[PDB]
Amino acid sequence: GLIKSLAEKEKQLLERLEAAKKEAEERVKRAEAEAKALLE
Amino acid sequence: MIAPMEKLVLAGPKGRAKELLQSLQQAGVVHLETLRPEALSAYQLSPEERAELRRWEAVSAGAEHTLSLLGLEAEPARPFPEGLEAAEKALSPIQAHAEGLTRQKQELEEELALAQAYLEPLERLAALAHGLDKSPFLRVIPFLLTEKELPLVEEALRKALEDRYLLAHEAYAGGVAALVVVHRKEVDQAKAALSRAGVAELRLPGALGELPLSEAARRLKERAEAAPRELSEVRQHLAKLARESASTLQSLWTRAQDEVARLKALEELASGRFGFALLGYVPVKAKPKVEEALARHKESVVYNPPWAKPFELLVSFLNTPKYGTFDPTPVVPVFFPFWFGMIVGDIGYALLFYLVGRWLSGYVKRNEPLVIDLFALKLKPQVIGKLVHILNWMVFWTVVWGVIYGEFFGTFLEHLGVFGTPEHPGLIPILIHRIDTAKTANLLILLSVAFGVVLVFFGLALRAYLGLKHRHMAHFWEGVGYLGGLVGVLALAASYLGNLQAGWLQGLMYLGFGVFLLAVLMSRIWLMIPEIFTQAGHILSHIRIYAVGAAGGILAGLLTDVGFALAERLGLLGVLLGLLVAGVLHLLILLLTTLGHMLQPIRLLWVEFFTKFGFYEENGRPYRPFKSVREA
Amino acid sequence: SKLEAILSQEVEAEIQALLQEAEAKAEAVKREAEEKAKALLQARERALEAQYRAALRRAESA
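Protein sequence lines, in the order shown, are assigned to chains I, N and J. The first sequence begins at 21 in the deposited numbering and counts up by one. The deposited numbering puts the second sequence at residues 1 to 303, 323 to 651. The third sequence begins at 2 in the deposited numbering and counts up by one.
These aren't lab readings, by the way, just hints derived from the structure by calculation. For each residue, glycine too, the CB sits at the ideal point set by N, CA and C. Any given hint might turn out to be false.
[As the list claims (entries may be wrong)] Using 25 Å as the maximum straight-line C-alpha spacing, the simulated BS3-like pairs for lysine-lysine come out as follows:
#1 I:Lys-29 with N:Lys-191
#2 N:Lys-458 with N:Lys-14
#3 I:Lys-56 with J:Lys-37
#4 N:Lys-14 with I:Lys-24
#5 N:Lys-18 with N:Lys-240
#6 N:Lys-240 with N:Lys-89
#7 J:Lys-31 with I:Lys-31
#8 I:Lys-42 with J:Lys-31
#9 N:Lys-287 with J:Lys-3
#10 N:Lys-289 with J:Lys-3
#11 I:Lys-41 with J:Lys-39
#12 N:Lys-285 with J:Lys-26
#13 J:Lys-3 with I:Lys-49
#14 J:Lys-37 with I:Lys-42
#15 J:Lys-26 with I:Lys-29
#16 I:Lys-42 with J:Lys-39
#17 J:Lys-37 with J:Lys-26
#18 I:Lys-24 with J:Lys-3
#19 N:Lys-298 with N:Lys-328
#20 J:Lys-26 with I:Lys-42
#21 N:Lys-646 with N:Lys-341
#22 I:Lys-29 with J:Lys-37
#23 N:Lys-298 with N:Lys-341
#24 J:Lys-3 with N:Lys-18
#25 N:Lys-264 with N:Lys-89
#26 I:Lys-56 with J:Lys-3
#27 J:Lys-26 with I:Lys-41
#28 I:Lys-24 with N:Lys-18
#29 I:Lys-49 with J:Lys-31
#30 N:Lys-18 with N:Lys-341
#31 J:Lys-37 with I:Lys-49
#32 N:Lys-341 with N:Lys-89
#33 N:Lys-159 with N:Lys-185
[To be verified] Between beta-carbon pairs, the in silico distance windows are:
#34 N:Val-419 with J:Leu-4: 52 to 62 Å
#35 N:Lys-341 with J:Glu-15: 41 to 51 Å
#36 J:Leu-4 with N:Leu-84: 48 to 58 Å
#37 N:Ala-480 with J:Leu-4: 19 to 29 Å
#38 J:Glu-15 with N:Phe-330: 26 to 36 Å
#39 J:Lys-39 with N:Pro-4: 45 to 55 Å
Looking at chain I on its own, in the form it has when it is part of the complex:
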């Protein structure tokens, strides 16, 4: 046991999932813009 190594590595992963979600929600914000523009 060396606590930090595995108890921090498990965090790094979460922030890669997190980063996916962010990069995702923008695509929705992209289609929302586009949804307005093309009709307007």
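Assemble the complex: chain I is given as a structure, and chains N and J must be docked to it using the hints.
Coordinates of chains N and J only, in the frame set by chain I:
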């Protein structure tokens, strides 16, 4: 199946977690825990896994159940794959088939039991009843009574009915079957007469009883006749079923067992990172390396020879780090000779211990429960017999030496080399054990003592080492003071042992010897200062047990002087075969007790071992009854 | 380590299924708008076209 890697699980004492971890870590293992206090970096518990668990339990249980009703039960074995679903499917037809027959068997037995019992009253009652059981138009009450009740029912009947009834009885064994017959109009009164009498309507459960006697009687005859034949046929099917399919069950069953544990283990790692052991999940490549580097310790679930064998198991606790003190591994040569030399005897005894041994590592098939012991058959399981092959030999070795100490003993039991009486008594050799000379006895007494004095040393050195190497001043002080104690014992003893050998060589040194004692006991201060009496009792205990080892020994020997030598008749050459009548019975009782005597050693050792003299067990504690360890 | 490798490798393969999903959840929006829009410009060709032909006819008929 549990992860894409397959788990290997190992456990042992608290000390091994770290060593187990280092060898495993190196092997190429992945998803490793124990490790740190909040690890969850692999895989965790989920509904599905639990569901699967439930399913495995069903599989396990069903096999067990079917085997139980069927008869015999399965061994453990190594897993044989077959899909979980497949397994579930497999289990189904067989349990069902077996179960149906199980029911049938019970039913047949039940039919017979009632049918035999009831058959005799029913034919007898029917015969009496006959002519009313074509269609009751007269109403009838059957009942059985033996001799005593018989006036009581009649008197009751007479008052109520008058004499308009027919009362009949005949004996047939099982009392006498009695009938009351009345008109269908008198029925109410007739029964009322019975209520007083205390006898009442004989009944058969179900349809048959209500149906008059003749119909019922016929029905009992067909069932009685039918059931034994039917039972045979089904039972035979069951026997067949066992022979072939028991095998199927066993392999499935076993597979289920390993799976259940494996999953459970997994649940334990997931959540809260396990306790003390060490697990991990192993790719097939890692799997040989893990078996390879082990330092003699762990217990896993995957998915000269006498001297070496127990020595190899004490070694795992030799490698355990938990103190700088020593373990009880040296124990084996102090125990082993002596244990054998516990056996003492001659022609009628020790020199016959050979036979006993020959049945252990062997057997003789004249022995009702030592049938084929090489393949193990006993009044306890065959498996136990197979396992304790290791033991059967260690006992056999005991027998080989015990016979030998029969001649060791028998050196001082005969000759014209040293005792001025005959070379071997001509009736039977050995007739009078010659040791009753003060001196002859004394040397054997003091001899026994000596192996014990050394044992006192063995403990207190180790003991002092616990406190030395941990810096427990308390353990150091204990060990040291007790060696001070030894000095005073030796002073007094000499003054009686030669009487005048010392006792003023060391009996005036004695004034200063008491000083050698008390130096470090007072340094611990101690509140249980008195306990030093009992510590003197330990020096003496080694002597005392050893003394008993002599005396009880001798006692054993004195029975051949009446039990094989001579005790009946003035003296003849027929005395040989006159004496065996009592001798032989008494022999086994005698035999038994010396088995008890060999436990005196272990206790002797245990005085030191289980009581911390540089040792783990202290009135129990972790570390396990060592007796049971060295035995193999 | 290779241990931490498996956790990386899993997380990334999951990440890409979210991102592609995210694109599709957008894509349908994007393409919905397009489809809706087509129906707006066309439907207004229709009404106005009638307001043409019929206008001239009655004018001639007058």
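Cross-check of the supplied hints:
| no. | hint | verdict |
| --- | --- | --- |
| 1 | I:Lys-29 with N:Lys-191 | violated (91 Å) |
| 2 | N:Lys-458 with N:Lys-14 | violated (54 Å) |
| 3 | I:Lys-56 with J:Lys-37 | holds (11 Å) |
| 4 | N:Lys-14 with I:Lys-24 | holds (24 Å) |
| 5 | N:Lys-18 with N:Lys-240 | violated (52 Å) |
| 6 | N:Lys-240 with N:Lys-89 | holds (21 Å) |
| 7 | J:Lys-31 with I:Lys-31 | violated (35 Å) |
| 8 | I:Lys-42 with J:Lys-31 | holds (19 Å) |
| 9 | N:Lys-287 with J:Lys-3 | holds (16 Å) |
| 10 | N:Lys-289 with J:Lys-3 | holds (17 Å) |
| 11 | I:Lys-41 with J:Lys-39 | violated (32 Å) |
| 12 | N:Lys-285 with J:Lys-26 | violated (43 Å) |
| 13 | J:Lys-3 with I:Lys-49 | violated (38 Å) |
| 14 | J:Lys-37 with I:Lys-42 | violated (28 Å) |
| 15 | J:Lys-26 with I:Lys-29 | violated (31 Å) |
| 16 | I:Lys-42 with J:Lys-39 | violated (32 Å) |
| 17 | J:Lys-37 with J:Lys-26 | holds (17 Å) |
| 18 | I:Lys-24 with J:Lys-3 | holds (18 Å) |
| 19 | N:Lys-298 with N:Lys-328 | holds (17 Å) |
| 20 | J:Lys-26 with I:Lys-42 | holds (14 Å) |
| 21 | N:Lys-646 with N:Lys-341 | holds (21 Å) |
| 22 | I:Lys-29 with J:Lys-37 | violated (47 Å) |
| 23 | N:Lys-298 with N:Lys-341 | holds (16 Å) |
| 24 | J:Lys-3 with N:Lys-18 | holds (21 Å) |
| 25 | N:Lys-264 with N:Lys-89 | holds (24 Å) |
| 26 | I:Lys-56 with J:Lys-3 | violated (48 Å) |
| 27 | J:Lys-26 with I:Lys-41 | holds (13 Å) |
| 28 | I:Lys-24 with N:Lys-18 | holds (19 Å) |
| 29 | I:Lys-49 with J:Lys-31 | holds (11 Å) |
| 30 | N:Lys-18 with N:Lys-341 | holds (12 Å) |
| 31 | J:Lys-37 with I:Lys-49 | holds (19 Å) |
| 32 | N:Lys-341 with N:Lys-89 | violated (51 Å) |
| 33 | N:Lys-159 with N:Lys-185 | holds (16 Å) |
| 34 | N:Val-419 with J:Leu-4: 52 to 62 Å | holds (55 Å) |
| 35 | N:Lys-341 with J:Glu-15: 41 to 51 Å | holds (45 Å) |
| 36 | J:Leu-4 with N:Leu-84: 48 to 58 Å | violated (28 Å) |
| 37 | N:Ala-480 with J:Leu-4: 19 to 29 Å | violated (47 Å) |
| 38 | J:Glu-15 with N:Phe-330: 26 to 36 Å | violated (55 Å) |
| 39 | J:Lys-39 with N:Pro-4: 45 to 55 Å | holds (49 Å) |
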